[PDB]
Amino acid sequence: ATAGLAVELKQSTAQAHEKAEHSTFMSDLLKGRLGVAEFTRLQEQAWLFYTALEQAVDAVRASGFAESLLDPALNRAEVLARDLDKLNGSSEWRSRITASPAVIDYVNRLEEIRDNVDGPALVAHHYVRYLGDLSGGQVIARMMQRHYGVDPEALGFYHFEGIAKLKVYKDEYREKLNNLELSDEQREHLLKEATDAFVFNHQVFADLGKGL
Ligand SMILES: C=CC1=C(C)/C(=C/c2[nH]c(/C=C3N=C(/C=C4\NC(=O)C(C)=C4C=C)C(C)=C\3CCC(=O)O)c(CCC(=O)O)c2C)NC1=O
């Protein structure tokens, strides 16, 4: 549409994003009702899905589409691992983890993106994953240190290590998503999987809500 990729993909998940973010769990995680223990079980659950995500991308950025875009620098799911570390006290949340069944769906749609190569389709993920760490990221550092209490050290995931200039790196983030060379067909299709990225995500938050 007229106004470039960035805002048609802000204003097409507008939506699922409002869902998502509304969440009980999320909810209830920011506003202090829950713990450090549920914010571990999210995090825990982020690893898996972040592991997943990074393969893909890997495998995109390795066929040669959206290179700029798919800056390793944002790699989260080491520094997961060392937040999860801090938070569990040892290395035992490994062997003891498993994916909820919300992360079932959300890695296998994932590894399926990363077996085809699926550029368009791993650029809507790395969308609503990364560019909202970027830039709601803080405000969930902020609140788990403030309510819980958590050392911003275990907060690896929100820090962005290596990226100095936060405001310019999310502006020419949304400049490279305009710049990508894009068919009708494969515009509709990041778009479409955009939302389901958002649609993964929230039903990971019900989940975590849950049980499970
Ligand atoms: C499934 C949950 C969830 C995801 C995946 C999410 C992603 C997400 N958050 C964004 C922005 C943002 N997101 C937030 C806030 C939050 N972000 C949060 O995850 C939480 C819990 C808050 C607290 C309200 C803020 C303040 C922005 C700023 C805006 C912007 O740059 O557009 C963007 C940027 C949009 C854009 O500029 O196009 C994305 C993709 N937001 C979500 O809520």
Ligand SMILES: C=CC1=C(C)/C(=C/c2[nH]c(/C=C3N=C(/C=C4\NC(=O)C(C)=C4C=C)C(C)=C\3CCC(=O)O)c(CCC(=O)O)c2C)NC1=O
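Numbering follows the first chain given and starts at 1. For clarity, a rigid core is taken as the largest C-alpha set superposing within 1.5 Å between two forms. What changes on going to the form deposited without the ligand:
- Core-superposed comparison between the two forms: CA of residue 23 displaced by 2 Å or more.
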Given for the second form:
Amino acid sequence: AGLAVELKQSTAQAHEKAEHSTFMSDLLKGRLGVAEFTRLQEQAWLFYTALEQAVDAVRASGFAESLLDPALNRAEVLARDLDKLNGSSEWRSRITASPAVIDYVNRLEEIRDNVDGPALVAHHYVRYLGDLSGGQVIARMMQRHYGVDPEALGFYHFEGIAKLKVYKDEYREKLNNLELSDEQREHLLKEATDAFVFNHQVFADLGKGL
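Form solved in complex with the ligand already given; the form deposited without the ligand follows:
Chain alone follows, minus partners and molecules.
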């Protein structure tokens, strides 16, 4: 099976086992509010900042360069959104990572330091393919349920991508064309499972008030 198909199959499997949470479900159906949305995006700034440091190192090494499109970068975008949500820049020195986010960030930093291309591609897949599918849709829900201004929703729009549907097809084809040893491939698939698990834990912690 192509890598894109195998990764879809690691996702699916990881969903069962996942610690169940209702944070995102509640958020998207209008049961929470702007505060809880802001808490999510503060955690996201931490992990997208870590992720993108890792992406930068792996790209600079010359691994998977075409997949690692800098137009995907979200961290600075999130910071601009948070400046709007919080009213100031202060939040940068005051946000505290949940225990799940600490563990996630620690993995992403280890990947950066090791310049681990296969592991980075796994995390890139888990974060960005989900973002490229869940966008305009989540943003609209935040506008509709909670009146969040578009100025605070820039995370959901990729300025550099004209045609999202085609972009996702190209992305999956780039995955299918990545040259990997059997060992790198096995490592990448394992890491994709781990990344999905980190992600579920972030939401479980948000759902506990952590």
